[PDB]
Amino acid sequence: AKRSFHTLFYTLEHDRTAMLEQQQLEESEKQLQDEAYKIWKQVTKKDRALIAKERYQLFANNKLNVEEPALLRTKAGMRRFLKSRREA
Amino acid sequence: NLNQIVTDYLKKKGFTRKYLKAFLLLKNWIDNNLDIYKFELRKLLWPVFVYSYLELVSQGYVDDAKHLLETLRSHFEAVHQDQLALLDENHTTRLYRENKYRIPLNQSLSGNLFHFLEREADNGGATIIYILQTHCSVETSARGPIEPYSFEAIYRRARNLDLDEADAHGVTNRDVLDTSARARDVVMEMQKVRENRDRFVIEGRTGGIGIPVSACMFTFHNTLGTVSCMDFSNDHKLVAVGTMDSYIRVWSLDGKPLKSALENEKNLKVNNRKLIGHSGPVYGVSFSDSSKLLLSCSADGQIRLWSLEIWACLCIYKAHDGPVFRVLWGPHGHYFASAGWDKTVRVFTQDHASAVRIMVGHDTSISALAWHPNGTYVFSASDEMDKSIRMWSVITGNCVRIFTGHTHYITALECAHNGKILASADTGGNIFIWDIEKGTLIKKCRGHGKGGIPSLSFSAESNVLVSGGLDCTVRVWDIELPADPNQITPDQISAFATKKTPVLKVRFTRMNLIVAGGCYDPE
Amino acid sequence: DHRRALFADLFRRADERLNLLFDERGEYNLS
Amino acid sequence: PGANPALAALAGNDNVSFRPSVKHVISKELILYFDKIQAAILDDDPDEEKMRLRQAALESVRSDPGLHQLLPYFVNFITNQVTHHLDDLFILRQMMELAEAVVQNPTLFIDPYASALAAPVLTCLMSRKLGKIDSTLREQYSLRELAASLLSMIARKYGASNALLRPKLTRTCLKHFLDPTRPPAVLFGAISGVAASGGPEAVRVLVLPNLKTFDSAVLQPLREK
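Chains as they are written, first to last, in the deposited numbering: chain U, 224 to 256, 581 to 635; chain D, 46 to 62, 91 to 161, 171 to 251, 260 to 271, 336 to 443, 464 to 660, 730 to 766; chain F, 61 to 91; chain X, 161 to 292, 308 to 400.
Calculated from the structure, these hints are not laboratory results. Take these hints with a grain of salt, some might be off.
Stated by the list, open to error - Simulated restraints, written as ranges between beta carbons of each label pair:
| id | chain 1 | residue 1 | chain 2 | residue 2 | range |
| --- | --- | --- | --- | --- | --- |
| 1 | D | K742 | U | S631 | 18 to 28 Å |
| 2 | U | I586 | X | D390 | 24 to 34 Å |
| 3 | U | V590 | D | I356 | 41 to 51 Å |
| 4 | U | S631 | D | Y401 | 22 to 32 Å |
| 5 | X | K289 | U | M625 | 55 to 65 Å |
| 6 | D | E143 | F | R77 | 44 to 54 Å |
| 7 | D | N101 | U | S227 | 36 to 46 Å |
| 8 | X | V378 | D | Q154 | 42 to 52 Å |
| 9 | U | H237 | D | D443 | 50 to 60 Å |
| 10 | U | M625 | D | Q154 | 51 to 61 Å |
| 11 | X | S336 | U | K610 | 29 to 39 Å |
| 12 | U | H237 | X | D390 | 26 to 36 Å |
| 13 | U | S227 | X | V378 | 18 to 28 Å |
Yeah, the Cβ is synthetic: ideal placement off N, Cα and C, and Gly gets one too.
My request is simple: use the sequences and hints to build the entire structure.
The structure is reproduced here in structure tokens:
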């Protein structure tokens with residue numbers, strides 16, 4: 224699953240469902256108070596949902612919301628990328 | 046009071062109170106498109122040529138018509154041999179004149195073509211627009227692009243549909267759709347194109363910060379302090395270094411072999427070469443407007479011109495008394511300038527052995543040079559007791575502007591691509607930004623250390639500046655800070740530190756990306 | 061069905077071939 | 161006193177405690193321009209003036225020399241629109257056209273974002289469902320062909336600075352192709368993608384040897400329909 228990061232692509236046809244499912248689970252929690584493909588989904592669901600939620604919030608109503616965080620590059624992210632590149 | 050002196054002096058002196094260009098442009102544009110469209114656009118190639126040729130025959134430019142026919146015959150030698158032979171009045175020409183060519187096309191493709199032609203109207207777009215409006219009719223249809231194996235052709239062949247009248251009419263879609271396998339509003343279309351394009355213009359800058367920039371660094375190893383000067387070619391394909399050992403070394407920047415035109419040197423495998431022939435240290439190297467020619471100057475007092483196709487010297491220029499310090503090609507590469515120890519600025523053409531213009535008036539040695547983007551003005555700077563910048567006209571040879579204010583040795587000069595702003599740097603760490611028409615100082619930029627800023631560069635729109643320093647840093651500068659929405732100066736955008744490598748050369752590409760070069764000193 | 065195993069083997073062989081086709085800079089490996 | 165704090169965020173340093181918002185980094189004119197472009201491109205009215213406005217917006221995106229700060233936003237917007245509107249052929253076609261116009265601007269450094277652009281395009285090439308009688312098939316196949324052309328362009332342009340892009344794309348398309356369970360449209364998209372990303376040698380070495388079986392276990396039942 225983690226090795227497949229360096230060898231395969233995947234489509235964005237299951238990200239909306241992941242976002243909605245995570246949103247419903249989080250809302251309920253707050254209110255209370581193939582096989583390789585399946586493994587890939589099980590491993591990446593949470594991160595994909597978070598990224599989808601961020602992107603969805605940024606472009607609400609097809610307008611650039613000026614109160615959301617800017618898109619800026621940092622050094623910790625590049626360090627993570629370098630880690631993955633050394634893995635490859 | 047200098048104002049009183051100037052006023053008195055003025056009062057006492059009596060002062061009162091053709092078609093081939095368009096064809097090539099179209100060919101390149103078609104070459105740069107997506108594949109799915111290339112089948113349709115090519116239908117425009119054959120007409121635009123034929124009519125154009127006839128036009129020359131109508132205007133008496135027989136030689137131009139012959140040259141055009143010969144140059145483009147290769148593209149059609151495999152198809153239009155009979156038509157080419159016939160063209161090289172007949173009834174076919176009369177039929178062409180009477181019957182206007184039909185060019186079916188898709189709606190979106192037509193919109194893209196019209197917008198592209200408008201965008202390049204003065205570079206050859208007008209010719210094609212006029213030709214299409216006069217001798218063509220672009221029957222636009224709302225179908226999809228047609229190809230021998232696209233959906234349209236497959237569907238039509240499978241369902242056994244007929245041929246549309248517009249696409250009925260030397261290759262045509264019929265041969266692709268035959269069993270053997336609307337009108338136009340040009341001129342009005344251009345008006346609509348311009349009117350709609352006018353609606354998406356950005357007209358200010360309030361708030362925000364500067365612009366992000368990427369940098370690529372080239373580092374030289376095992377030089378032992380022998381490298382004096384460095385330069386990059388216009389397309390970032392070559393790099394040249396002049397040393398204290400009198401020779402020049404050139405490298406290809408991607409490691410591929412360098413090519414020679416000599417028969418003995420056919421298919422030779424080397425990616426760097428040496429130019430030998432100077433007798434003293436080399437202090438300047440300049441690539442000409464691929465680069466074919468190189469100019470060098472040395473402490474022996476000579477200027478040398480080298481061919482980069484055979485890698486040998488062509489001419490020596492000997493107009494200087496003492497060392498020459500700087501040499502520079504003109505913005506388009508036929509004139510060039512030189513300056514050095516004897517306080518005079520010389521302007522040559524590559525055509526003549528003697529300098530054609532001599533500029534006199536500096537009181538000290540020259541330390542920096544620069545050209546104006548229009549090719550008719552030069553800039554020079556002197557050191558020591560006379561730390562001033564002078565602007566020289568090339569037609570007369572006289573000085574037109576003097577800029578004063580530096581108190582340290584000046585290391586670099588640079589004129590903006592718009593021809594209105596000047597920049598200078600010295601060994602105190604300051605950068606001066608000057609208005610040229612008023613002769614006044616616009617501002618100062620601070621933040622570099624002491625030692626010298628050898629290189630500056632402007633961006634394509636001249637709104638950003640990049641500087642390289644001997645303090646092992648590269649810095650980016652905003653030329654105008656945004657409007658208020660209601730040791731280091733606030734107009735610096737970025738600073739990047741190098742790893743023990745003084746920066747000798749920096750340059751901007753077409754994008755927000757710069758290339759820098761330097762030599763590594765491990766100690 | 062039994063087609064799945066056959067096509068999986070075909071893809072395995074094809075991928076083994078594909079591994080050696082490209083080079084470091086994305087160009088074809090002529091050897 | 162006059163130095164901006166957001167500048168420290170632009171250097172990417174770790175100790176920074178200030179988190180700028182969009183309004184602190186992008187000027188108001190650029191925000192208005194982005195909004196105008198997005199409003200113009202995503203209009204479905206059949207009026208001629210609207211088509212002219214859409215074409216003008218695409219040309220503006222394709223030629224403007226001052227859009228360096230909006231590139232990440234363009235990429236994110238394309239990704240979001242493709243992700244959340246897979247049941248609309250018009251929107252997907254507009255997104256593909258916008259992606260084509262963005263990578264044709266000669267003033268933009270696009271290398272690091274190349275892969276980020278290859279994910280939406282792929283989703284438009286081998287997605288099992290696109291949209292929600309003949310006209311629908313026309314639209315779907317035209318969209319798939321356009322996606323394949325754009326993928327070919329991307330792979331050709333940005334294949335050297337992204338070393339593993341070409342093998343990854345080719346392997347994905349090949350994996351999708353050698354699967355009898357997929358519907359014919361996905362197989363068409365997969366073969367187009369293999370040709371676009373791999374090249375002539377990829378087809379010669381990977382596709383042809385397996386064709387003998389392919390036409391027997393896949394094409395015959397479909398022909399029998």
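For each hint, the structure was consulted:
Checked against the hint of 18 to 28 Å, the C-beta distance between D:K742 and U:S631 comes to roughly 24 Å, which is consistent with it. A C-beta distance of roughly 33 Å is found between U:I586 and X:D390, which places it inside the suggested range of 24 to 34 Å. For U:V590 and D:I356, the Cβ-Cβ distance of about 44 Å falls inside the hinted range of 41 to 51 Å, so the restraint holds. For U:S631 and D:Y401, the hinted distance range of 22 to 32 Å is not satisfied, since their beta carbons lie about 45 Å from each other.
For the pair X:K289 and U:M625, the beta carbons lie near 37 Å from each other, so the given range of 55 to 65 Å is not met. Here the CB-CB span from D:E143 to F:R77 is close to 48 Å, well matched to the stated 44 to 54 Å. About 42 Å separates the C-beta atoms of D:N101 and U:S227, a value consistent with the hinted range of 36 to 46 Å. For X:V378 and D:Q154, the hinted distance range of 42 to 52 Å is not satisfied, since their beta carbons lie about 34 Å from each other.
Taking 50 to 60 Å as the suggested C-beta distance range, the pair U:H237 and D:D443 conforms, at roughly 55 Å. Look at U:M625 against D:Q154: about 59 Å separates their beta carbons, and that is inside 51 to 61 Å. Roughly 33 Å separates the CB atoms of X:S336 and U:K610, a value that falls within the hinted 29 to 39 Å. At roughly 32 Å, the beta-carbon separation of U:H237 and X:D390 lies within the given 26 to 36 Å, and the hint holds.
Separated by about 24 Å at the C-beta atoms, U:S227 and X:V378 satisfy the suggested range of 18 to 28 Å.
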